[PDB]
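If you want the building blocks of each chain, they are given just below.
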Amino acid sequence: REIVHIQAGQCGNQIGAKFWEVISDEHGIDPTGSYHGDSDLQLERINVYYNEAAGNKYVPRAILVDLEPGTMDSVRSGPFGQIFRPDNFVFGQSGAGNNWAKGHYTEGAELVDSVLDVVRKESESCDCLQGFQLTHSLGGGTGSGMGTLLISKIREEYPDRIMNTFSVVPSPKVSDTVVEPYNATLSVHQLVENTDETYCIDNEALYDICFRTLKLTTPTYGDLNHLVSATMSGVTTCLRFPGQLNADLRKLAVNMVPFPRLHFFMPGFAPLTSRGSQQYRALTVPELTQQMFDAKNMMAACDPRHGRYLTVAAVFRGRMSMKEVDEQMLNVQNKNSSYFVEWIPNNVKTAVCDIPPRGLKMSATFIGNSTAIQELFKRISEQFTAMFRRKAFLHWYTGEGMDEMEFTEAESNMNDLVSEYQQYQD
Amino acid sequence: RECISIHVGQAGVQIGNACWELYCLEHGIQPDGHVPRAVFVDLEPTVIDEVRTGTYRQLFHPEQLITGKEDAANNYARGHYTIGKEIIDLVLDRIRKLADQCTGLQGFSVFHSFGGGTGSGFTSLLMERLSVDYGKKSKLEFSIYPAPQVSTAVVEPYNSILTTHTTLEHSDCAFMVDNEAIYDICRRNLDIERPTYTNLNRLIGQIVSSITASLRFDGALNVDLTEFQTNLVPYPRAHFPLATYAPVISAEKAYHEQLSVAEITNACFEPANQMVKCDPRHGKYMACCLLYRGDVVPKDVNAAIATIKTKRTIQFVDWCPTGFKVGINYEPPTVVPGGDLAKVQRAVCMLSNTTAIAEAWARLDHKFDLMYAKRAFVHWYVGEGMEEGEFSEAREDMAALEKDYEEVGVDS
Amino acid sequence: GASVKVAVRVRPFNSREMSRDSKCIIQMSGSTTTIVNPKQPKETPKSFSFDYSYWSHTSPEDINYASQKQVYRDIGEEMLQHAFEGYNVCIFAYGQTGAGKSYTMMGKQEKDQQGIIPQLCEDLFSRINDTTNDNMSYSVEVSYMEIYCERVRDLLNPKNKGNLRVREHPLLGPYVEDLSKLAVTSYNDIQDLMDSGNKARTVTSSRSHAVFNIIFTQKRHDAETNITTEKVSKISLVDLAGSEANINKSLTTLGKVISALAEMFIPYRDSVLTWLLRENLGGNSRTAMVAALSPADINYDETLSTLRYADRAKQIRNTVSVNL
Ligand SMILES: CC(=O)O[C@H]1C(=O)[C@@]2(C)[C@H]([C@H](OC(=O)c3ccccc3)[C@]3(O)C[C@H](OC(=O)[C@H](O)[C@@H](NC(=O)c4ccccc4)c4ccccc4)C(C)=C1C3(C)C)[C@]1(OC(C)=O)CO[C@@H]1C[C@@H]2O
Ligand SMILES: Nc1nc2c(ncn2[C@@H]2O[C@H](COP(=O)(O)OP(=O)(O)OP(=O)(O)O)[C@@H](O)[C@H]2O)c(=O)[nH]1
Ligand SMILES: Nc1ncnc2c1ncn2[C@@H]1O[C@H](COP(=O)(O)OP(=O)(O)NP(=O)(O)O)[C@@H](O)[C@H]1O
Ligand SMILES: Nc1nc2c(ncn2[C@@H]2O[C@H](COP(=O)(O)OP(=O)(O)O)[C@@H](O)[C@H]2O)c(=O)[nH]1
Ligand SMILES: [Mg+2]
Ligand SMILES: [Mg+2]
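Protein chains in written order, with the working numbering: chain A, 1 to 426; chain B, 427 to 838; chain C, 839 to 1162.
Treat the hints with caution; some may be incorrect.
Stated by the list, open to error - List of simulated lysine to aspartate or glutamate pairs, DMTMM-like, C-alpha gap at most 20 Å:
(1) C:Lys-884 x B:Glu-452
(2) C:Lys-884 x B:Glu-819
(3) B:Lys-495 x A:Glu-124
(4) B:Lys-829 x C:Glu-881
(5) B:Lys-495 x A:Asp-160
(6) C:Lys-1094 x C:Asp-1030
(7) C:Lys-880 x B:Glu-819
(8) C:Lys-999 x A:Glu-124
Unchecked claim - Facing chain A, according to a computed beta carbon distance under 7 Å, are these residues of chain C, among others:
(9) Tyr-941
(10) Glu-1006
(11) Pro-1008
(12) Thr-1055
(13) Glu-1101
These aren't lab readings, by the way, just hints derived from the structure by calculation. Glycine is no exception: its CB is placed at the ideal position from the N, C-alpha and C atoms.
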């Protein structure tokens, strides 16, 4: 099987560097080097993310889409930056304006064809394609607009292969941009209707989870990114490993989406202990479920405790008892019968790889489909209206060839999306 | 004389590798000896690959190892219809190529995992295409039906109410081994909170050895495969008996091993030892095939059973005077060199049809409704060449399986 | 407040059924349809009551046979009249693959077998042309589309190979962007478009849906001042794919929408079909369902499933108001 990553925008891009920083080491691939793999198993399934050309050069099969040179020229001028074949860099030296409209209708719409071109060169690579990984932020141009287009096109070209989306939904407390809800509401819209698996991460849900669950005092972006990339590795790549009970994107999809919206999840990693001290090793297993299922530790902003779950997928990856795994999951399902929805006898989807995260003994990625994420699109949707009402920075959109009915559309859509999700919380 | 076997679904393949292990182990045929007599099907390469990479690597022909690099999908539909279809031909071909090479066979011991994609769906049509190509044989499918509370897949029931209805009108005798109810045995009758799948497999890998292996093997009271279905199914519904083993004692902890027949047989009817969460909560047995192996005196049996026939609290069906098929083999069991199985010199792999499953099916049917009641993951099948028909019409199916297993009992 | 009208129609045996020596398990008497289960002959037969029951299992020589003209003059004229009153209307055919949905909606453009759509169009123009009040003028616009795997194709514009985008107008509801809407001034012109549209469909189990829309505008001219008050009614005639993925999203979603409405959030947006027909299902529209039924024993489950969805549809109720 296979997949082809997609680094839309700067963020989605910045993260690319971290997702590939990791993944590679979790596959023994040095900058341009080959497979130094401490083992021999980190190779029989690599294909999922690379391509064979030389014999020591397995190049990441991702796409780097962005209308701001400097960015990709920071990712390509640093560490692992020199492993991507230049063909991968689909830049847009234009003005990468922070407008969803500027990267979806006017500026991005041009650079698109020169992207799809490659997304096809990579898809028609070899063997059988599974789906595409998509990273980006719903709070900017090259991210929400242009990346949200990249998919609307992808999903017309292969409505068969899957589409996981890793979105950095606009954090609450403080917005790292101003129109944010504009660029956001507009991209979520496109998401709820193309990709079929979305993993929403919040820069501040991370800080928290990174400053209190990792006594880490100076959580640089690199970190946040790093933590995130840690989860997306547990998801995909991982399951493309052996296991007593293994799954793969689809299983994950076909066990997690009760209703076609596409629904968005909230990823959570397992061993998340501070370096030295904490290295408690309390990782027998009840310790991992202890972790994963708590409020804090959910990369999302919202707290599960604020709304039932529809599905859950503990994708563990480290030798354990299909008994102490299958078992724990249960008590968990009974101690919290309250929030776990009922019309699904077994919400949880236990998954079990074998080999764990390179240096760790036992981990377990969590992919939750809780109704709690209602209280986020609400947020976003609110911010919109409060500012849409006055058409705040709307001239930067319309003036870019947009529509007063376009914004209406998205909000509503994504706004209805909130509605539905409640239809199950009840 | 023989009995081919088709291990379908990752699980049916893991269990397969296991049951297949125990085999050579008690036949003195190391890694590289003769030639198996089965096949392996899966729509996820990486798993059958485990049989291609791991142990018992060269004991198979890359011809009896079928794979569909494509996608597994934990959904019946896709595995049965859409994808699973493409492979079937090829699959069949082997069970027609392997079915020819032999000499007057008896049937195909099928190994699948009820609630899976490749295991539920696919087989559904595999057994389907068999019942027509060899209606004149035995179709005993050995299943691992849905843990009563510890299921895995979110949809499981969708996949198991569908493998039951499609296979029902095609199997001869469906053996059932409950994944969870086997754990209990690993906790309560062997002690270990560290049971790897690789163990449950060693277990069924045992109970199964008692079925084919040893039985098709000479003895003081041989029992052919046909024998089963005959002495085991009272009615055409591909009736599903339950597998049970007796000396499930730990090869470390306790040691009373020397547990004469009189004991090991009583240890079969206590509900805490039956590889199935179908505790005889009321289910009246209606036929049991006590397969013994090792040093056993026919009188010991034709007495140990007599004592039972008169315990009454073990209430057998009405319309059934005597429902005890005593199968005696010679060669004692054969435990893994150093797993965790005791290793006695006699065992009792008793299987049976019990009005008990009236439960197990019930509890699994109900599940289904809850979700169907909201269509839950329905769009996943529809979009895979299925319809509101196949679901609703396979629900009605089992409905008359809840009435069937009710009527054939509880009444006189 | 107007409930969804529901009719059931049983057709003659098809080749498949005759070949299996199928027996008829459907019985009709008055507004009651009873289905016998061939599997469990001694179980009590299930009975259903509907607004209309069309026994079309035999032939026109039969006195109790329901012909094309009779089905139309019944439910068809009823809906057409509602359109003249100013209400939006919808008639959709539902049922198992091959049960007779297309025969009922389109029929054959030959001697005596025209379905509801051609007859309604002919009736619509005949009525408009018999108008004797010169203060009344009319306009008729038509659109014809196909929904296949959630994609929309314009049947009156085959030149185009792009699938049209289904959108939500911020104030006016769902619509197909760039879908052809042609004005027609005669039954012959609209029938040519219908014929042209039918030929460009795909292309033998259908898994596409066809939606034929008519925008009927009535203009009343008031003599004294010169304002012209408009009266607009949208007539949607739907021929659904049969019931037995992206290929089946619409049909399954419709089932859920129908169940939800009968139960009274609704997943209208879960599919293009339920999205576009949102107002006809639970909105301001006089709607009718024509459930096509196979008469054969071999199709018991499918037929029973259809009778049950038609039974729920009967329970749907919609708030209607005239568009004046
Ligand atoms: C001596 C020793 O055992 O060191 C550990 C360690 O101290 C701890 C604290 C690690 C450490 O992780 C962090 O401090 C961290 C920093 C930024 C963001 C997130 C986490 C570690 O850096 C991370 C590193 O993780 C791995 O090696 C995994 O394979 C992981 N790899 C990466 O994230 C990675 C990092 C740099 C370069 C390339 C990859 C992984 C996890 C999931 C999927 C794929 C890969 C491990 C076990 C450790 C150190 C090295 C200190 C922990 O994290 C992980 C992801 O394992 C933090 O809590 C856990 C518990 C570990 O015990
Ligand atoms: N006893 C036993 N049960 C197993 C084993 N592997 C899986 N199972 C059980 O069988 C079911 C899992 O089926 P899956 O592995 O998801 O799927 P599959 O049937 O192989 O086919 P796909 O869904 O297409 O992958 C669960 O109920 C597991 O508990 C095994 O090795 N032994
Ligand atoms: N009342 C009827 N009288 C005579 N023939 C009929 C009647 N109803 C249906 N048929 C015929 O039976 C078949 C079913 O036709 P249609 O072709 O009407 O099915 P659907 O439209 O039911 N099929 P599908 O679109 O594939 O899901 C056709 O051959 C029709 O001509
Ligand atoms: N986790 C994370 N968030 C980022 C990174 N870079 C920008 N962001 C977030 O992305 C949003 C800004 O969008 P940006 O990526 O600049 O848009 P674009 O570059 O125009 O497509 C803010 O909410 C930031 O917190 C990053 O490297 N990691
Ligand atoms: Mg599998
Ligand atoms: Mg038709």
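Proposed proximity, B:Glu-819 with C:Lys-884 (alpha carbon, max 20 Å): holds, 16 Å
Distance restraint between B:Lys-495 and A:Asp-160, which requires alpha-carbon spacing of 20 Å or less: OK: B:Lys-495 and A:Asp-160 at ~16 Å, within 20 Å.
Per-residue hint verdict: C:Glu-1006, partner chain A, C-beta under 7 Å: holds, 6 Å
Pairwise hint evaluation, B:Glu-452 against C:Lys-884, where the allowed Cα distance is 20 Å at most: violated, 58 Å
Distance restraint between C:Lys-999 and A:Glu-124, which requires alpha-carbon spacing of 20 Å or less: Outside the cut-off at roughly 24 Å; violated.
Minimum beta-carbon distance criterion (7 Å), C:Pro-1008 to chain A: At about 3 Å, which falls below the 7 Å cut-off, the nearest Cβ of chain A leaves the hint on C:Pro-1008 intact, so it holds.
20 Å Cα cutoff - pair B:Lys-829, C:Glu-881: holds, 13 Å
Proposed interface contact between C:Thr-1055 and chain A, which counts if any beta carbon pair is under 7 Å: Cβ of C:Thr-1055 sits 24 Å from chain A, so the hint is violated.
Evaluation of the interface hint that places C:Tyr-941 against chain A, nearest CB under 7 Å: Violated, about 31 Å.
Hint consistency between B:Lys-495 and A:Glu-124 [alpha-carbon to alpha-carbon, up to 20 Å]: holds, 16 Å
Agreement of C:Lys-880 and B:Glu-819 with the hint, judged by alpha carbon distance not exceeding 20 Å: holds, 19 Å
Hinted pair C:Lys-1094 and C:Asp-1030, Cα distance within 20 Å: violated, 36 Å
Violated hints, listed in ascending order, are 1, 6, 8, 9, 12, 13; each of the other numbered hints is respected by the structure.
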